[PDB]
Amino acid sequence: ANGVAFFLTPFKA
Amino acid sequence: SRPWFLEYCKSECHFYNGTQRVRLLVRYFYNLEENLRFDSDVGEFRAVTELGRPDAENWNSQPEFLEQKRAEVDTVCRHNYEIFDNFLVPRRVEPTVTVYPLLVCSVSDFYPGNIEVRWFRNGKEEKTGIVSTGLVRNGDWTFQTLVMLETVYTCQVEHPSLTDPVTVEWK
Amino acid sequence: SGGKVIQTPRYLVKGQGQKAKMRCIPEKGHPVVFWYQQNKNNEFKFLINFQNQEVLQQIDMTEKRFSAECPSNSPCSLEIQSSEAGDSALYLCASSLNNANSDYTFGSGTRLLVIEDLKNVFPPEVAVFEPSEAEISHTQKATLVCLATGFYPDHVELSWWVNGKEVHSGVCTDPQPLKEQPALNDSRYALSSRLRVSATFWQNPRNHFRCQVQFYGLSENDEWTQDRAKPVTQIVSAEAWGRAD
Amino acid sequence: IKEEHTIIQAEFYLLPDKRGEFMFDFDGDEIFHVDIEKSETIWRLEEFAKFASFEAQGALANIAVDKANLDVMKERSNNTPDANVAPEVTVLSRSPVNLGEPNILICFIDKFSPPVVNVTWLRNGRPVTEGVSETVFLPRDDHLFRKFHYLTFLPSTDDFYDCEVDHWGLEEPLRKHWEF
Amino acid sequence: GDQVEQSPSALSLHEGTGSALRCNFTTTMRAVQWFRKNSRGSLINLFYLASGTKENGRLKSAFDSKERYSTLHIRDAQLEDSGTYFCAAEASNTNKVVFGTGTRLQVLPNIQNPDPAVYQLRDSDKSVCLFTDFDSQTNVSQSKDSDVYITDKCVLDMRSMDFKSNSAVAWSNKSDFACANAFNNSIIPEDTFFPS
Ligand SMILES: *[C@@H]1O[C@H](CO)[C@@H](O)[C@H](O)[C@H]1NC(C)=O
Ligand SMILES: *[C@@H]1O[C@H](CO)[C@@H](O)[C@H](O)[C@H]1NC(C)=O
Numbered sequence: 001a002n003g004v005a006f007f008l009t010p011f012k013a
Numbered sequence: 014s015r016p017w018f019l020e021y022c023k024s025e026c027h028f029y030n031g032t033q034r035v036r037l038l039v040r041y042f043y044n045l046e047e048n049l050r051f052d053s054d055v056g057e058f059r060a061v062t063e064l065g066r067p068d069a070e071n072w073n074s075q076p077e078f079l080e081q082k083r084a085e086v087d088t089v090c091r092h093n094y095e096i097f098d099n100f101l102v103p104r105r106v107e108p109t110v111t112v113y114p115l116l117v118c119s120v121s122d123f124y125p126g127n128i129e130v131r132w133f134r135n136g137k138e139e140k141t142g143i144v145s146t147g148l149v150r151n152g153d154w155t156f157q158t159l160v161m162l163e164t165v166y167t168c169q170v171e172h173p174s175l176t177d178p179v180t181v182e183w184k
Numbered sequence: 185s186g187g188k189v190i191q192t193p194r195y196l197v198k199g200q201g202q203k204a205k206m207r208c209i210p211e212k213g214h215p216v217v218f219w220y221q222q223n224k225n226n227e228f229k230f231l232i233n234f235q236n237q238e239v240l241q242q243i244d245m246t247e248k249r250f251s252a253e254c255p256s257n258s259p260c261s262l263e264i265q266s267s268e269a270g271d272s273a274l275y276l277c278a279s280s281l282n283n284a285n286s287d288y289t290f291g292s293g294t295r296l297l298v299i300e301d302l303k304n305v306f307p308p309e310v311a312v313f314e315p316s317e318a319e320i321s322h323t324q325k326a327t328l329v330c331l332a333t334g335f336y337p338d339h340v341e342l343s344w345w346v347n348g349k350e351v352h353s354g355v356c357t358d359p360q361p362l363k364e365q366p367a368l369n370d371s372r373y374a375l376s377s378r379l380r381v382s383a384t385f386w387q388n389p390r391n392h393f394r395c396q397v398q399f400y401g402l403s404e405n406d407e408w409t410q411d412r413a414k415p416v417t418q419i420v421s422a423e424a425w426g427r428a429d
Numbered sequence: 430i431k432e433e434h435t436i437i438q439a440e441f442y443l444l445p446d447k448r449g450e451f452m453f454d455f456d457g458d459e460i461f462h463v464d465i466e467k468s469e470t471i472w473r474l475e476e477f478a479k480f481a482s483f484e485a486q487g488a489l490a491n492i493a494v495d496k497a498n499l500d501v502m503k504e505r506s507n508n509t510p511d512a513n514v515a516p517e518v519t520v521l522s523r524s525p526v527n528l529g530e531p532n533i534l535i536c537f538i539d540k541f542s543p544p545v546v547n548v549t550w551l552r553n554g555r556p557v558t559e560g561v562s563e564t565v566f567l568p569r570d571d572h573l574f575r576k577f578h579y580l581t582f583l584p585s586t587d588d589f590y591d592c593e594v595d596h597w598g599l600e601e602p603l604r605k606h607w608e609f
Numbered sequence: 610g611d612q613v614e615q616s617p618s619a620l621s622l623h624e625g626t627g628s629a630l631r632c633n634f635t636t637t638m639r640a641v642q643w644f645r646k647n648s649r650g651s652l653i654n655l656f657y658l659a660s661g662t663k664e665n666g667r668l669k670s671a672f673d674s675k676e677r678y679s680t681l682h683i684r685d686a687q688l689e690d691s692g693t694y695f696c697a698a699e700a701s702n703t704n705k706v707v708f709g710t711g712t713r714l715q716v717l718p719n720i721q722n723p724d725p726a727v728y729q730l731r732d733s734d735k736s737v738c739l740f741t742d743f744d745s746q747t748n749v750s751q752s753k754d755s756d757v758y759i760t761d762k763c764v765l766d767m768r769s770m771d772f773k774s775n776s777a778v779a780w781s782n783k784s785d786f787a788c789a790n791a792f793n794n795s796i797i798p799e800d801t802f803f804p805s
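Residue numbers (our numbering), protein chains in the order written: chain A, 1 to 13; chain B, 14 to 184; chain C, 185 to 429; chain D, 430 to 609; chain E, 610 to 805.
Hint data in this document are derived by calculation from the structure and do not stem from the laboratory. Incorrect hints may have been included.
Below, a list of computed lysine-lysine pairs in the BS3-like style, where the Cα atoms sit at most 27 Å apart [unchecked claim]:
#	chain 1	residue 1	chain 2	residue 2
1	B	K23	D	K496
2	B	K23	D	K431
3	E	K669	E	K735
Could you put together the complete structure from these sequences and hints?
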């Protein structure tokens with residue numbers, strides 16, 4: 001159970 | 014009509030020849046229009062339309078953010094490939110070939126989409142009068158296709174899941 | 185301001201069941217704020233994070249026992265509704281710029297101590313000791329020694345002031361103030377410091393030396409029904425003048 | 430002997446439907462998606478779950494941000510003009526069809542935007558509710574979306590099926606036919 | 610238990626030497642951060658690394674995402690490098706920042722000319738004893754009987770004259786107390802100068 005990684009989405013403005 | 018508003022974000026990891034060459038392409042959309050891009054081969058945000066310029070100017074002024082994103086080629090992309098190379102990449106599913114009357118060669122239930130299908134009449138590849146449907150994605154990690162020959166009779170199927178080519182012939 | 189995070193107060197002492205409110209001003213332009221609670225084992229316990237006014241995440245304890253808000257154009261705050269002994273720790277505030285990032289920049293932190301009885305609180309006695317003549321003959325340097333004694337809790341900040349200006353060069357302060365009585369608990373504390381200057385400088389009587397100790401104790405709102413003076417937050421000083429041969 | 434692949438993380442938040450979506454794609458097929466409401470990872474094939482993991486509250490956090498961003502983009506854009514790209518529908522069978530032999534019908538809705546459709550299966554002119562499966566909104570190379578609808582059935586020369594797809598870009602609900 | 614494996618726990622460096630701190634990660638980290646807490650100081654931000662190496666003065670930091678580690682290198686150790694060092698990184702497959710176990714770094718100054726001595730100071734009428742100018746090899750031990758107090762050793766730096774010196778302070782109220790017997794509890798240098 002090695003967990004896939006994801007991109008963090010940033011707040012705009 | 015009916016007004017709608019969509020904030021869409023696709024982060025694509027492109028692998029050419031395994032984890033050797035990798036590029037990350039993040040695309041921000043608003044409704045039907047792509048407005049922002051992050052191309053790892055560029056290393057910065059670029060606005061595709063004026064709508065995305067504020068984000069570009071804002072985020073590019075953050076070196077430590079850009080430093081992280083350029084690095085996401087290793088920390089995320091190559092990371093995930095390491096995981097998915099255990100079951101997704103090497104996944105193989107053997108095709109099921111069926112022939113029925115124009116002569117139809119039905120290749121179904123196979124993965125991956127790498128497939129070669131030829132028509133042999135009398136042992137020569139009839140490289141003409143070939144009507145194919147193209148590759149069709151069933152959406153459940155299986156493919157299917159119909160390759161047809163318009164003559165008034167054997168077809169061969171080559172596939173990465175097949176050590177030796179599969180052949181079927183009609184009467 | 186920035187790039188600096190201002191946490192106030194530096195120290196805080198409260199009686200069990202009292203409210204403990206502490207404040208934090210995130211760096212200028214920084215919308216992300218984190219609250220961490222660090223114990224004696226250098227463990228960082230997450231409490232709550234904001235972006236501007238909206239709370240992104242918090243834990244069960246902070247939800248039930250703490251109340252926090254980060255008002256627009258106003259200092260962020262974290263308040264314990266009912267203080268208990270277990271809440272004695274260092275509360276750290278960290279601000280960022282981009283939620284999808286790290287690059288925390290921590291504040292000075294607020295040291296909170298929760299005790300049963302506030303009658304144990306004592307201000308520090310400050311005493312300055314003049315350079316020994318032996319050292320001057322032997323080394324051509326002059327060491328002043330400052331002693332702060334009999335205070336509680338161990339919440340003090342010592343500084344040396346020469347001729348109205350804070351100095352740092354040649355200054356040495358104990359890392360941790362020591363218990364005057366290791367046996368027993370709630371014991372009052374002691375703290376020492378040295379300021380070494382050239383012999384010629386100490387022998388100039390126009391030069392003014394001051395040892396200043398900031399004590400963090402009770403506030404004006406806190407009740408005090410004892411005979412002795414109210415042990416509030418205050419400055420306690422002692423000083424000495426230059427002395428010729 | 431060259432492995433050439435693609436992994437896509439697609440997420441969005443949609444108004445006025447007030448729904449968000451999160452999924453991972455590998456070479457055009459769904460690896461998984463996250464039920465935003467339920468907060469649990471939904472692997473496209475059950476067999477995947479033995480090999481990988483995804484922390485779901487990560488996806489929830491994103492959509493929360495995507496929600497907020499949508500308001501920012503709305504206020505930003507001077508005029509948001511409604512425009513629609515109509516779907517193209519195709520119905521066909523997962524396997525070669527044999528009479529009396531269990532099979533699956535596939536409704537391939539492709540090349541559309543926004544991600545909102547009404548899709549209805551029709552056995553002999555009437556809607557079916559039993560044996561139907563649905564796919565979240567899948568990504569493409571472009572800005573458009575893709576979707577799959579499935580129907581389990583037993584073949585007979587008496588039955589004929591249809592897949593009917595309605596989308597804000599179509600004048601008339603598109604109905605695609607399939608019989609033996 | 611859910612922190613980053615950071616080694617070593619504690620560290621002593623002679624002034625002008627160097628050594629390395631290291632974090633071991635249990636998975637691919639997105640980026641690494643290094644902190645230092647002074648003596649009564651705030652947490653000072655040292656580095657933010659996402660890849661490769663960064664160098665800041667006498668500090669160099671390295672981060673290898675793949676090999677799952679990060680190192681902080683101190684060279685030419687100075688007095689002000691003393692403190693507690695923390696690393697902090699967030700995993701690529703989570704949303705949460707996790708911290709290292711911490712490293713306590715103590716830097717021992719180089720005393721060129723040791724001059725161990727004990728002086729007595731009068732109130733500007735209390736009196737105190739000052740053990741000073743000894744080398745870093747000398748260890749100060751706590752006073753036993755409860756009426757005499759001794760502080761741990763401390764280093765001061767006269768920047769103007771490029772001179773550093775160790776010092777410890779001892780005091781009491783008991784009438785049997787004299788500077789001669791103040792620091793008897795410790796193993797002091799044999800040639801300690803005793804005035805008066
Ligand atoms: C692709 O990379 C593999 C190793 O991963 C190598 O053996 C092969 O020669 C490479 N192919 C090309 C065309 O560079
Ligand atoms: C689906 O049907 C509902 C009413 O049944 C309607 O409000 C909605 O607009 C329809 N969706 C589309 C895409 O036409």
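Going back to the hint list, which numbers does this structure go against? Failing hint: just 3.
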